[PDB]
Amino acid sequence: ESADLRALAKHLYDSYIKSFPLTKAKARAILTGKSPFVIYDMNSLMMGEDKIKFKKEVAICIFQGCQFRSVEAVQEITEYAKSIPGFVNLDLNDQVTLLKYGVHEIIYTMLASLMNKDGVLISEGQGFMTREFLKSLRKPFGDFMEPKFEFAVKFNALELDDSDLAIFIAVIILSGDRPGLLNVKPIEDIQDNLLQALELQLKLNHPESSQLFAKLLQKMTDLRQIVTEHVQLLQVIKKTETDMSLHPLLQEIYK
Amino acid sequence: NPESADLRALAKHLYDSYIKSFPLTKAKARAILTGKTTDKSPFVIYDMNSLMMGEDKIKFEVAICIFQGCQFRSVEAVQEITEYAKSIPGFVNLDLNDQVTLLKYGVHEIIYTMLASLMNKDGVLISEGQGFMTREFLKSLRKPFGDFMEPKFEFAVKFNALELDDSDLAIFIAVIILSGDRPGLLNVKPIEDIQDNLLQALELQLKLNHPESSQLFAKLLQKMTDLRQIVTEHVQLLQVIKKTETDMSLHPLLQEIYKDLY
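Chain order of the listed sequences is B and A. So the first sequence is residues 207 to 240, 245 to 265, 275 to 474, counted in the entry's author numbering. So the second sequence is residues 205 to 264, 276 to 477, counted in the entry's author numbering.
Warning: the hint list may mix true and false statements.
Unchecked claim - For the chain A half of the interface with chain B, some residues (derived, Cβ under 8 Å), not all of them: (1) 293; (2) 294; (3) 301; (4) 311; (5) 318; (6) 464; (7) 468.
Said to hold, decoys possible - Listed next, the in silico DSSO-like pairs over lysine-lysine satisfying Cα-Cα at most 27 Å (straight line): (8) B:457 <-> A:319; (9) B:457 <-> A:301; (10) B:336 <-> B:438; (11) A:474 <-> A:319; (12) A:301 <-> B:474; (13) B:261 <-> B:354; (14) A:301 <-> B:319; (15) A:438 <-> A:319; (16) B:301 <-> A:474.
Keep in mind that the hints were calculated from the coordinates and are not lab data. All residues carry an ideal CB built from backbone N, CA and C; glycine is no exception.
Given the sequences, and given the hints that come with them, work out the whole structure.
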């Protein structure tokens, strides 16, 4: 039975590599340096546009770029999830419900892989946007990203690799407590299989790191808090900002 | 072989998405229309009495109310096709202006492709299949409104004779969206590479699903000619209503799709 868990761990790792182009292993090499164009101010940003082609006020244009990347990440996560044993066999409404609530948690988890205390990798790690330059953005866009940076520093201190995160990300999607689910049993049943695989992966991959499993599950709290806080900021934005309004079709795509 | 396996993977992915993006499928539509069942029976609207009693039975001047109701449904459909488009591998990775352009031109060709699923020679399902509004009643509407649906009906009767199922339609409406020949497209090349891969998937899907149906692929592609024609007629028709009906409002999303269209 102990080998059925290693098979699952490897399966998910292999699926996670295929599904996510920029991985933690790679993102770390770029950040440590073992090279990316840096954006520290308005002049560097406007050269960034020039020398890095990535798809009105700066603050608004930056926030919207973060959204266009988030919509991309949603498709990468959807693909990944369909490789999780049991997932495609679930009721289609449940599959949609699990992805609807799980994507934000998984976005901010994986964004930690692209972050250090100084800034975040953007455009497949072609760019690096400084924490300071983002804080400098006129309110309320100033402390848009500051909560994610604070999560990342704490999350990154667990020194998880792609092999650990692959299983953790699966655990997040198979949350049996999402609103509106029709058949909670097979979901919880899969998450229990994924939690065993994670427990074992963490004991084998981090033998000296005591109760890492327990610490990693506690981070679930930090994720949902970050997501509720991000959702609250979208309300404050939508209501108090006029210059948001895009092309009506664009508004449909980027809900 | 492994090349075919990848095309079956893509076919299955698009079907799965199609089913999640569109509540009323063709499989459901036909089960309602071929009226085999006791629970799925549609209320039929053939005249003014039937329309007014339909108010109490189904939850939602006459010709205007139909057209305005038919408008909000078109909008609801654009929202559904937009959600489906995001699921097409590569679509959200394209230049954002191109994404908008593919939908601007794509959505009305797809609205009328899928509307065929809700149509037989006699009428069209409405209100998520709870209602059925007869072809005659729609044609008996005041000028010019009498003439909106007739060409769609003419298309639907021909198109429905190909006997496509939802799995075929998912790939087909993907091929429509990823059209490189749309006016104003910045990056045509990445779109054709996607459409090429979709077209390979459809070719295989049609050969496996309809192996006794010779050159269905060819015949299906040729139907994209008839869609363009329907869209054009409709656009000319809107221009005329705009002018004779100054006291009737079009929904902005549709106004924006038609703005500088062909």
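Check each numbered hint against the structure and report the violated ones by number, ascending. Hints 6 and 16 are the ones this structure does not satisfy, whereas the remaining hints hold.
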